Amino acid sequence: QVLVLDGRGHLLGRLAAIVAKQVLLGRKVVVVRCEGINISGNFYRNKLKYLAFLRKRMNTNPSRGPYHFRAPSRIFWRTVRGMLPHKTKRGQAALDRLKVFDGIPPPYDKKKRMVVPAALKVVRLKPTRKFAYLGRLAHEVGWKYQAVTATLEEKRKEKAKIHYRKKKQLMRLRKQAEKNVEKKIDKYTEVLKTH
Amino acid sequence: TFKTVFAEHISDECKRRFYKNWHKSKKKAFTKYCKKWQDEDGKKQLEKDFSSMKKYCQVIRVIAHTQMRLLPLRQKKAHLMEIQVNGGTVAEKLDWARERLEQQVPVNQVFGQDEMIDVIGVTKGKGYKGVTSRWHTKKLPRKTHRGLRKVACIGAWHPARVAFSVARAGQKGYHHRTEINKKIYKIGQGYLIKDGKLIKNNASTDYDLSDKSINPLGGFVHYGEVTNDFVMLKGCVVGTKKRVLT
Amino acid sequence: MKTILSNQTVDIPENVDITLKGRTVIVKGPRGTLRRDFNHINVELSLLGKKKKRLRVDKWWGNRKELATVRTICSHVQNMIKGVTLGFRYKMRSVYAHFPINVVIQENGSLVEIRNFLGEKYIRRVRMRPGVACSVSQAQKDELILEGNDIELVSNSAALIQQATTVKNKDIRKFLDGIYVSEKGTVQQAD
Amino acid sequence: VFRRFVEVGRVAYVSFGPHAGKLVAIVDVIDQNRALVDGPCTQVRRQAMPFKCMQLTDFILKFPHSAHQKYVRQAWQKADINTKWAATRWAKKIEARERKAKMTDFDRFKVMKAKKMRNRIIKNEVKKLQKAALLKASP
RNA sequence: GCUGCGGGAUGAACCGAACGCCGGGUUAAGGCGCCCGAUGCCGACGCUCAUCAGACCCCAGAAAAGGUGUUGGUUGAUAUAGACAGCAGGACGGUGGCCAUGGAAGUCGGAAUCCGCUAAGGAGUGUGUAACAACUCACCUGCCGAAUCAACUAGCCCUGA
RNA sequence: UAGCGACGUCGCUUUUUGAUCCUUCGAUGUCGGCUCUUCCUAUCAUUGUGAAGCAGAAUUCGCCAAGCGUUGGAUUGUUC
RNA sequence: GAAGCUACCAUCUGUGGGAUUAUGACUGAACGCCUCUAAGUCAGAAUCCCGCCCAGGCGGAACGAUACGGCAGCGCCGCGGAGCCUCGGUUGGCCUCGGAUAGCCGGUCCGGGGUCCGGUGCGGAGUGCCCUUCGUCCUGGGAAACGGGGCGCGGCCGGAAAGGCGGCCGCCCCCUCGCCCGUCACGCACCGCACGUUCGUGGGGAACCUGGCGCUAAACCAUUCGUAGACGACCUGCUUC
Ligand SMILES: [Mg+2]
Ligand SMILES: [Mg+2]
Ligand SMILES: [Mg+2]
Ligand SMILES: [Mg+2]
Ligand SMILES: [Mg+2]
Ligand SMILES: [Mg+2]
Ligand SMILES: [Mg+2]
Ligand SMILES: [Mg+2]
Ligand SMILES: [Mg+2]
Ligand SMILES: [Mg+2]
Ligand SMILES: [Mg+2]
Ligand SMILES: [Mg+2]
Ligand SMILES: [Mg+2]
Ligand SMILES: [Mg+2]
Ligand SMILES: [Mg+2]
Ligand SMILES: [Mg+2]
Ligand SMILES: [Mg+2]
Ligand SMILES: [Mg+2]
Ligand SMILES: [Mg+2]
Numbered sequence: 005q006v007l008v009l010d011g012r013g014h015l016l017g018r019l020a021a022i023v024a025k026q027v028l029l030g031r032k033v034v035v036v037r038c039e040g041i042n043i044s045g046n047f048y049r050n051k052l053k054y055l056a057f058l059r060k061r062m063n064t065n066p067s068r069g070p071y072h073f074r075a076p077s078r079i080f081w082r083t084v085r086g087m088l089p090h091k092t093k094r095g096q097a098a099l100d101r102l103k104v105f106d107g108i109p110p111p112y113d114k115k116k117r118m119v120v121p122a123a124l125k126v127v128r129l130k131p132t133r134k135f136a137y138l139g140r141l142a143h144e145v146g147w148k149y150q151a152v153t154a155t156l157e158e159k160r161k162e163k164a165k166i167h168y169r170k171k172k173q174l175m176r177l178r179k180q181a182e183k184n185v186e187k188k189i190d191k192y193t194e195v196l197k198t199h
Numbered sequence: 101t102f103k104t105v106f107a108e109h110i111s112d113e114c115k116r117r118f119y120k121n122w123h124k125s126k127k128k129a130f131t132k133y134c135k136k137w138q139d140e141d142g143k144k145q146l147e148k149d150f151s152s153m154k155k156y157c158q159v160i161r162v163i164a165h166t167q168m169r170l171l172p173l174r175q176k177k178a179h180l181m182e183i184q185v186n187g188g189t190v191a192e193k194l195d196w197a198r199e200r201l202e203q204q205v206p207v208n209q210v211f212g213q214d215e216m217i218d219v220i221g222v223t224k225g226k227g228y229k230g231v232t233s234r235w236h237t238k239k240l241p242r243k244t245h246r247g248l249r250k251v252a253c254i255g256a257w258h259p260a261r262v263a264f265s266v267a268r269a270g271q272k273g274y275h276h277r278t279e280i281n282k283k284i285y286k287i288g289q290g291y292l293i294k295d296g297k298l299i300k301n302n303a304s305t306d307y308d309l310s311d312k313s314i315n316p317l318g319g320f321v322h323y324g325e326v327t328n329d330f331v332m333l334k335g336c337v338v339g340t341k342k343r344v345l346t
Numbered sequence: 001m002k003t004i005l006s007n008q009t010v011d012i013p014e015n016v017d018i019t020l021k022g023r024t025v026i027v028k029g030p031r032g033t034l035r036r037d038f039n040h041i042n043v044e045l046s047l048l049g050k051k052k053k054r055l056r057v058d059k060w061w062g063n064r065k066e067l068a069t070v071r072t073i074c075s076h077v078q079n080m081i082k083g084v085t086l087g088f089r090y091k092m093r094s095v096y097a098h099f100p101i102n103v104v105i106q107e108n109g110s111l112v113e114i115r116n117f118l119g120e121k122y123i124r125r126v127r128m129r130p131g132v133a134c135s136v137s138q139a140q141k142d143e144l145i146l147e148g149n150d151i152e153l154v155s156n157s158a159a160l161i162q163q164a165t166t167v168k169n170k171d172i173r174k175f176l177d178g179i180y181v182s183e184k185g186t187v188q189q190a191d
Numbered sequence: 002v003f004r005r006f007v008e009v010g011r012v013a014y015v016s017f018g019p020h021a022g023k024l025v026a027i028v029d030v031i032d033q034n035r036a037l038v039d040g041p042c043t044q045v046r047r048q049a050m051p052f053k054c055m056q057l058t059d060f061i062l063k064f065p066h067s068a069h070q071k072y073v074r075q076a077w078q079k080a081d082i083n084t085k086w087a088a089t090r091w092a093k094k095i096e097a098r099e100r101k102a103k104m105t106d107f108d109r110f111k112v113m114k115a116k117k118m119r120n121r122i123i124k125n126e127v128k129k130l131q132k133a134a135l136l137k138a139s140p
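Protein chains in written order, with the deposited numbering: chain AO, 5 to 199; chain AB, 101 to 346; chain AH, 1 to 191; chain AM, 2 to 140.
Think of the hints as simulated: they come from the structure by calculation, not from any bench. It is possible that some hints are incorrect.
[As the list claims (entries may be wrong)] Straight line, CA to CA, 27 Å or less: simulated DSS-like cross-link-like pairs of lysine-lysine:
{"hint": "1", "chain 1": "AO", "residue 1": "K187", "chain 2": "AM", "residue 2": "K53"}
{"hint": "2", "chain 1": "AO", "residue 1": "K188", "chain 2": "AM", "residue 2": "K129"}
{"hint": "3", "chain 1": "AO", "residue 1": "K114", "chain 2": "AM", "residue 2": "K53"}
{"hint": "4", "chain 1": "AO", "residue 1": "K134", "chain 2": "AH", "residue 2": "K168"}
{"hint": "5", "chain 1": "AH", "residue 1": "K168", "chain 2": "AH", "residue 2": "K141"}
{"hint": "6", "chain 1": "AM", "residue 1": "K128", "chain 2": "AH", "residue 2": "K2"}
{"hint": "7", "chain 1": "AO", "residue 1": "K130", "chain 2": "AO", "residue 2": "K148"}
{"hint": "8", "chain 1": "AM", "residue 1": "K53", "chain 2": "AO", "residue 2": "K188"}
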């Protein structure tokens, strides 16, 4: 069904390639925490290329023409637009299936977030190469919503800690229950058949 | 907008604002909402909204309107305004607003003399005027066939379009414009109750000291007979007579 | 050429203590404490010696610029040890032209206020770093002493002072005027 | 940090390649990428294998530098790598993965019914223990 | 031209390959991150940071020249008869040499170019005062301690742009 | 070698002119001026800087830099 | 010469934050020294972006009124029955920031340090959970003192970024098979065959008979208006005081 992807520590083109391949098959994929998607290269170069992309505009009418989004979710959505056949009613359905969110919505606070190993910064970059933050780029050029998103992110991180302490307490209780007795008759069978 | 909580006693001028045809309407606005005010069980579901308003909101804007019966106009419809209270914490802003629901706000309470306060409004209505009157371009000379008040060249050949910066026949006026940094001279009350039987005492400074009113000799041209609080602004202010300004 | 390990050796005296939680180095001593992060380098930082305090800065294969980087850690650890044992004192004599330079301090020595400034009427204010204390020296004309713990903070504040005092739109071969860093040293002498 | 380095005389697992699931012993490093390996009792012939192809372990041996197969075998059987390697949790994990790969349908049915019974008894005990925790916290 | 088809995104001439309508298999030219079929190989070896990276014959952009930015290569020179650096000390006598003249007294110039003390001083590498003077260098020595320096060459990248 | 730079030599651009005839001859209305929009930098001035044979003033040579300005007239149909 | 339009021909106003280029620097190796750079920091401007200012998207909010009359019509809950159209799945996984020259778990002491486990991760997505359950009847061994479902009832809000299921107390009609192993007999055994099994009391529209609780309006034209008008459009008035 849905594929809730974390966006922290992923590279833009790698994650866009994997999302654009998995969205043409029908798996409804949603990339959350889009402000944390890293981009390799120097951050000055990345904002210089994005400034050149802003400089690209129609001169006879700027409204009828290139629409330059500043929000990082819409940056990733344009990145996947440039890779899907969006002029056809296959890539149009794929863009309808794709959803993207800066920050985290409440149902994606509820559900578990996946992490793609092939798109990671650590996997795809030598650790002495420079990088960038898409949220830093978006706040530096246009997207004026870094502080509100960071405040709500710290709020949901505190919520995640106060849920995780309860979950870890329940896991300590169930391992006390596993430490208790009168369960081993099935457990010998399970150890002999892959506990 | 999280949620909007109105007051109880809503005036007929606000009801004329909420309706289009006041004659054809049966005047049925806010009957169930006033029933929610009257019900004691509805008060607990109404004060729960303010307890949620203290917790989840940061920007509180208060709706206010004008009394049209104190004007020489003919409109008789109020004008609703969200006014962002820039006070302290949300709790005491909400307490201030609930304390001052259904109450009047003078000009001396917020504004003051010698204050530099901007004006927002809509320009005059000049209509669908031409190019030399809209963009103030130079006229063509007398010998020009097919026009004198025109832009003579629009674009080059190789852009086979018309650029958006080219001066063309746009409608002049009735545009939203704001002008910044205008000083207030005098905020003065007028026409107080009959202890003194009718006090005029306006535009009567420390050096004038004579009986005089707000209005000029013969009333204001196309406005009327101002008998209320009034702001005495500097320079030229955007708009015609009888026009709503913020 | 992918050189196998390069290690730097640091001896730490008994007057101070060191604690590393990874690539973060926290040094505690008599003149306060000082902590820094080496997160962006990826060089192993190990210590040894039961109350002997022998630090080793060890880097494996790497490149030539990274073998250059592995000595920078040893040098900044030496600078932190010197700053936590002795501290840093920078003496700045006001090399002044016909117009003098009147220097006062306002907020606990953290706000240096400069006046008469090459004859300019504009009174200049310089806010210093969190953790550096400045003072006006005694028994010496127009000397400005900057004392602190972190060499980067102290020398960046002194750089802000010597760039705030700058001759503009003239010749700077003539008009040799400004507050320049005269002497670099430690607070506690004879060590 | 860095508990294990490559060394003359260290046993190492092989994860990738045609010798997968087999132990070797690193004799010497050739140049930065490949190392000559040898296995006397692990059914692998003396050859050169890459470091990213192999997998480092925690047990060490005492080899001379570039020793013969006889001395490799004698140091192996003196160190007793096979019984001590069976007596670790790592080989138990790999063996359990092999057993899960070698399951059949009747075995999965038995695993599933034992799984239901275990998880039901564990869930009832967790409910009883949190009931006892509430009974303790009620005064 | 008279000629489709697969690649070169798009193309008259480029590379394959020439055409009756179809099924199966295979391949050339090309390609295998997504459009867009196919490397989603636990691919191998190295090079490259570029604030204007680069990305495949014709084909759609660039030179002479330069780089103590890294990577190899060649030819030499040094060094326990303790080098390169770093810090410190000395840097004279003949002689203010000889041609010159406003001065040349190592320092604008023309020629030349040796000796003693030597541990070492070059009839002198530069700075300066117009000269005479002060400073530094060649050279020698004090501490440290074992590797170091110079000139070319071509691969990437940069400046030239 | 601040600023210059011969004898030689390597380039860039199409704001001049030249060369060719590829499209246009069942027509793309062929100079200049007026009005008006937009773009480039090889920068005249302004903002921030480096160097002078930069004492100050005034200049000259470079860098980031095209955001904003870059006139009124006598002459000539003039481009100039 | 009124009103009205108009003149730099009268008059008023035109507003600041950030990252940075050039450049100057700090610490600092490479290269014992030096060095603005190789990692890392500082200042830094008519350039850039945003604020302010304009029009607001096949963009989304909060609230009001939500059709009497004499029949009528329309909402919310729970309904039993039939029919047309459209397209997709055949279990859902209810969540710790972070790191890769480091990191997980458990735990005396004053969020932190010492100590104890595990680590090519088994407190593991090469994973976990109800699950490979077709059902029923009879009788036995383990586990089960919570029961286990809800048309449920009263309370709490958790949850504000786009919220609706989950947890606690007390009752309600029952279950002591809500489960694992053994015995017995049956249900369509449709006689070799496909689209079968699923969140489906799937999405919305037009109507059919019934219970309970409620609702009794508003736009557009016409007329007037001038603060606006080419026409449309926009701001306006209308009561029997
Ligand atoms: Mg008009
Ligand atoms: Mg004519
Ligand atoms: Mg000057
Ligand atoms: Mg032929
Ligand atoms: Mg083709
Ligand atoms: Mg091509
Ligand atoms: Mg075929
Ligand atoms: Mg091929
Ligand atoms: Mg594919
Ligand atoms: Mg061509
Ligand atoms: Mg080279
Ligand atoms: Mg280039
Ligand atoms: Mg021709
Ligand atoms: Mg021609
Ligand atoms: Mg034609
Ligand atoms: Mg034409
Ligand atoms: Mg024609
Ligand atoms: Mg411009
Ligand atoms: Mg710099």
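For this structure, which hints from the list above don't hold up? 1, 3, 4, 6, 7 and 8
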